[PDB]
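This document opens with one chain alone, in structure tokens, the form deposited in one PDB entry.
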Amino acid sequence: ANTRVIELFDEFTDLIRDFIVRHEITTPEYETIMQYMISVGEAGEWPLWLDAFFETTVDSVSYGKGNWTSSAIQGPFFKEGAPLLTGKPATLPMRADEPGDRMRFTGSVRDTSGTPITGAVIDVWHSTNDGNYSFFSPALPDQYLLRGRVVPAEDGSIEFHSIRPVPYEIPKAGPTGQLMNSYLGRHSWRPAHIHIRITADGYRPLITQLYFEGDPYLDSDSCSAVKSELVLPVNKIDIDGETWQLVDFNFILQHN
């Protein structure tokens, strides 16, 4: 017996019973709830459904804002052991002719005092423009595509190269899409994002997400996960007729 759970569960039972009474939750209503949950099981979407609606809140109690980088959710599609990119310019493993424009990501990783953190590993992950993540779609191999680890050079600079990401929409036919589009008459679009996770000994882990300026769904996140201080300016440099989206974010890790 955990007393954390005896205390949380019992309050939580007493709340939901009251919700039921306040809102006259009927039996067929009930049977539909029960039934919808079941089908969230079957599509394997519990982690999407919950993160969709609640990661944002658990992430607000979990970390604080100040003079460093802000956390943001991790969502459902992170995968461990993604591969070290070393290279002439390091480039997310990706497909022959992987759809989209070329994107150069530059930046640095440092502590709340300015010092650069040579001992860090940035994991990145993002979804094809087709709108799937590797390891989690039947439209993509269980391989590491668009996922990789980067390491600050000894002066703290980071830079990698990938496609530039575009607005993702949660499968409109899954339980989560269906609630979102139909039952809620809304939408299931997220704005484009690069997911980052940075770790370093001596520092507190960072899980966050970089967004893009003027993004269609900037204010519309069907996951409600956006924070302005993370909406990024894009710049457009040509080299041999070839249009790099340039982006640049400077990470601060907190100590301990």
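Numbering follows the first chain given and starts at 1. Here, rigid core means the biggest group of C-alpha atoms that superpose within 1.5 Å across both forms. What changes on going to the form deposited in another entry:
Relative to the superposed core, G119 shifts its CA atom by less than 2 Å between these two forms. Residue displacement note: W68 has its CA displaced by at least 2 Å between these two forms (rigid core superposed). Relative to the superposed core, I20 shifts its CA atom by less than 2 Å between these two forms.
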Second form
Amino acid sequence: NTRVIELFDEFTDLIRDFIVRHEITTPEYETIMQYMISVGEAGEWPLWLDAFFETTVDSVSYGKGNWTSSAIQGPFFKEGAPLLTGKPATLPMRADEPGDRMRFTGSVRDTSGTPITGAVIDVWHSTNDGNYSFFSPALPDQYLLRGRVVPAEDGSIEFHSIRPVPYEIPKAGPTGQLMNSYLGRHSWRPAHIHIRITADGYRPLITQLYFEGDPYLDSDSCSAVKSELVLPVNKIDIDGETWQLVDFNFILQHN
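May I ask for the structure of the form deposited in another entry now, the form deposited in one PDB entry having been displayed?
Nothing else is written out below except the one chain.
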């Protein structure tokens, strides 16, 4: 209420000032209004807002230091994921899964460098097909390439899955329309894998990890890229199946 008065008026002055400086004409104004009505008539608001701004909303709420870097949450988020204690600890995947086989390896330590046994690491990512879990007419609503993973008591974590590939935001919806058509660019996101991490007495982390030589690194449609988060790739041909091995050392909050 007093906070919204502050921002709202500060916001207002700013847009008005934009209209005045750029002499926004009526047809223009009307084209914006129609456009916004679009975005809402589809369901792309969270899509649209997260794609341009949440990278910034994250660089403020969490912070910007040796905390291992934060990345956008993203509409695709998994709630109530399944616990995993598998043999080499695979993620749930439809049999004879296309895509490169992938192995992630890493840790959960803090400031000091001592493991935080009480951690819970939630992971999710798209198919090689370019479709996420739950929501796509081509996929069941059932937990696939999503899950919750506990670290070892020394800290270390590991899981198997498949190698994600760059997803493009629909070339056809208002957001894509903007990225592709009117702005004349691309709506591709670099191949990434999502991560959340919970604990007792630690601030939660939410982020992504990308890959080296990812074509859309230096042009993420959602601007969620940092340097600290681009992973080194180890190409190993366990023959028939070719493998991709990756490492990461997640550090955390501290309440």
